[PDB]
Amino acid sequence: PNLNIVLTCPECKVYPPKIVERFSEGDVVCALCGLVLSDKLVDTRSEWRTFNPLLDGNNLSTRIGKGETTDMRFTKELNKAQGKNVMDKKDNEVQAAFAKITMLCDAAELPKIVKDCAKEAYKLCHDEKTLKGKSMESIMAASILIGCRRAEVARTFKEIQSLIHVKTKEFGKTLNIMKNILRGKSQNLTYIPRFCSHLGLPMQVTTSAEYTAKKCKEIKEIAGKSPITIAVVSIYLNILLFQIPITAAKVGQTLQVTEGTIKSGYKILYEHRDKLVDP
Amino acid sequence: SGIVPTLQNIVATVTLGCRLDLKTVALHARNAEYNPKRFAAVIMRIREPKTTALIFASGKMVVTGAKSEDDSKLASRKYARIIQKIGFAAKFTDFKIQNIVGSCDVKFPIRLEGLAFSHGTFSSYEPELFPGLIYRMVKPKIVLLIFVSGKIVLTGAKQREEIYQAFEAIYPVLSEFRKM
Amino acid sequence: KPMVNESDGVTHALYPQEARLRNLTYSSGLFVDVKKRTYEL
Amino acid sequence: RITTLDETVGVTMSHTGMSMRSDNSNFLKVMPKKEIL
Ligand SMILES: [Zn+2]
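Chains as they are written, first to last, in the authors' numbering: chain M, 16 to 66, 84 to 218, 234 to 326; chain O, 61 to 240; chain B, 99 to 138, 147; chain R, 251 to 280, 294 to 300.
Extracted from the complex, chain M is given alone in its bound form:
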C-alpha cells in the first residue's frame, strides 16, 4: 500500500527529481534551485563493514558448538535436540548434495565458477517431477557437466564417466531431460589446449591445431564423428608436421583413442593437407 517515499522540490516542482546526492556533507539537494532535499544521509558501505541469498534463500540458522567454560553433556543434548528437529525441513539433501558435489569438484580440480554453476543447476532442478529418481549420482554428474558447459569449459563424457559410473545411457537421458528443465526455466576448440597440455606440446602446435581444427570444421567431409577424434587427429597431424616424436601408440593410450581411428582420420586429413598450412 504505497509506502514509496519520493523526494520532490516544492519550490521547483517543474520536473521529476533530477537531484544530486552530496555524500561528504550527508545531504541530497535539488540541482536547480540549490535547495537541500534531505539531511543526515545514511550509508550502505559502513553497515556492510561488519559482514547467501542466491542459494540459501531467506532461511536463517545458527550453529551450537562447545563453549569456553561448559560441559560436554550440554553440547550433546543441544545437538540431539537439533537432530530431532532436522526433519522439520527437507533441506538436508541440499547440504549433503552440495557436500558430495563439493568433494567431486575438488577432486576434479575445477575452478570455483564451475562449482557455483553446478550448484546453481542442481538448485534449479532439485526435486522436480520429471527427474523421478536417478539415484542422486546422475543428477550430480549431469549437473557438473551442465556447470561445465555454462562456464565455457570443456570436459569429455569419458572424463566425468571416469569419475562417476553413471552407465552412460541413463546419464544421457538424465542430461537430456535436465537440459529440457533448463530450457523450461527461461565447440571443440576448447579441447585442443587441454590435450596439448596432456601431451606437453609447445604453443605453436596448440595454435596450429587450433587453425587446423577450425579449417577442418570448414572443409566438411566426415564432419566430425564426435569432435574428440577430430581433435586427436588434428593434434596428430600438427605433431607429424614437426619433429617431436610421440608415434600413434603413445598418443592413443594417453588420450584414450583408437589407433585405427587416428589413422583413418590421418588418411583423409593427409588428403586435405593442402589448405591446412597456416604459414
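Treat the hints with care, since some could be wrong.
Unchecked claim - Computed list of chain B residues with no C-beta within reach of chain R, every gap over 10 Å:
#: 1; residue: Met101
#: 2; residue: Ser105
#: 3; residue: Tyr113
#: 4; residue: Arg118
#: 5; residue: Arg120
#: 6; residue: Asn121
#: 7; residue: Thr123
#: 8; residue: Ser125
As the list claims (entries may be wrong) - Quick list of simulated restraints, FRET-style, between CB atoms:
#: 9; chain 1: M; residue 1: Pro25; chain 2: B; residue 2: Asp106; range: 55 to 61 Å
#: 10; chain 1: M; residue 1: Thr134; chain 2: R; residue 2: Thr253; range: 29 to 35 Å
#: 11; chain 1: M; residue 1: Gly247; chain 2: R; residue 2: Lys279; range: 30 to 36 Å
#: 12; chain 1: M; residue 1: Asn90; chain 2: O; residue 2: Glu173; range: 37 to 43 Å
#: 13; chain 1: O; residue 1: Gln225; chain 2: M; residue 2: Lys217; range: 30 to 36 Å
#: 14; chain 1: M; residue 1: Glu318; chain 2: O; residue 2: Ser209; range: 15 to 21 Å
The set of hints was computed from the structure by calculation and includes no laboratory data. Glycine included, C-beta positions come from ideal geometry on N, C-alpha and C.
Dock chains O, B and R with the ligand against chain M, hints included.
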C-alpha cells in the same frame, strides 16, 4: 523438391480375444521362437509378407516389420489364421496401427549446429553421443532424425499424412541450413 | 618445482614477479607413491 | 633426499584429475501350485 518419403516400418497391434499355453504352442507350431527366460512371448515370422509378430499368452499380438498398411493388415490376418489353425478360438479384432517409420534423402549436406542453435526449443544435438539431430515437431507431433549426409528419418506417426506433412514442414528448414 | 594451474586448465611454471602481479600463491605440487595391498588372513 | 620430478608438469597434472583412464587395478571392486505344494 519432389522428394517423397518412403515407408520403412509399420507397427500394429491385433487382439485375438482368447488365451494360450506356451509349451504346446511352441511344440506344435512351425516357424516360431519362444523362450520364457528371455522374452515371455512367441516370435512368429511369415515369409509373405516378411513380417514379425510377438504373440503373448493373453491373446495380444504385435505385428511389425511391414513396409505398407495392406501388408501389415494382411500379414496380421495371416498370423490370426495360423492361430486359428493351431487349435484356439481366436478372432481378428482391434487392428490399430501404432507406429509408422519412413526415411528419405535431401541430396545436400545439412548444418546441424546452426539448426540446433536456431531451433533450440525443438532440437537436441549431441555429436559425441549421437551424430544425428533429434527434431521434435509440434504439429504434427513427429520425431525426426536429421543426419549430416542428408538422410532424414521420420518416426512417431499414426498415419502417412503425418509423415508427409512432417517432411513438407521440415524441407524449407533443411534447405535453409545447407552447405553445397 | 613451483607451478600454476589456471582456470582453463593449463599449468605452467611460476615466477615470483608474476606471482605478485597475478595475486597467486607461490607453491609447488606434492605427489606421493601410494601403495595398496589386499590380504585374504 | 626428495626427488624432484622434472617432466613437463602437464603429464603429471593430467594423471592427477580426470584422465579418461579408470579400472586398471583390482582393489575394493567387490508354476503349478500343486507341485510346489
Ligand atoms: Zn529544487
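Outcome of the hint check:
{"no.": "1", "hint": "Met101", "in the structure": "violated, 5 Å"}
{"no.": "2", "hint": "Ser105", "in the structure": "holds, 14 Å"}
{"no.": "3", "hint": "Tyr113", "in the structure": "holds, 14 Å"}
{"no.": "4", "hint": "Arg118", "in the structure": "holds, 21 Å"}
{"no.": "5", "hint": "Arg120", "in the structure": "holds, 18 Å"}
{"no.": "6", "hint": "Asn121", "in the structure": "holds, 21 Å"}
{"no.": "7", "hint": "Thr123", "in the structure": "holds, 16 Å"}
{"no.": "8", "hint": "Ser125", "in the structure": "holds, 13 Å"}
{"no.": "9", "hint": "M:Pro25 - B:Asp106: 55 to 61 Å", "in the structure": "holds, 59 Å"}
{"no.": "10", "hint": "M:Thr134 - R:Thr253: 29 to 35 Å", "in the structure": "holds, 33 Å"}
{"no.": "11", "hint": "M:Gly247 - R:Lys279: 30 to 36 Å", "in the structure": "holds, 32 Å"}
{"no.": "12", "hint": "M:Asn90 - O:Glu173: 37 to 43 Å", "in the structure": "holds, 42 Å"}
{"no.": "13", "hint": "O:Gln225 - M:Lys217: 30 to 36 Å", "in the structure": "holds, 31 Å"}
{"no.": "14", "hint": "M:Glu318 - O:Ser209: 15 to 21 Å", "in the structure": "holds, 18 Å"}
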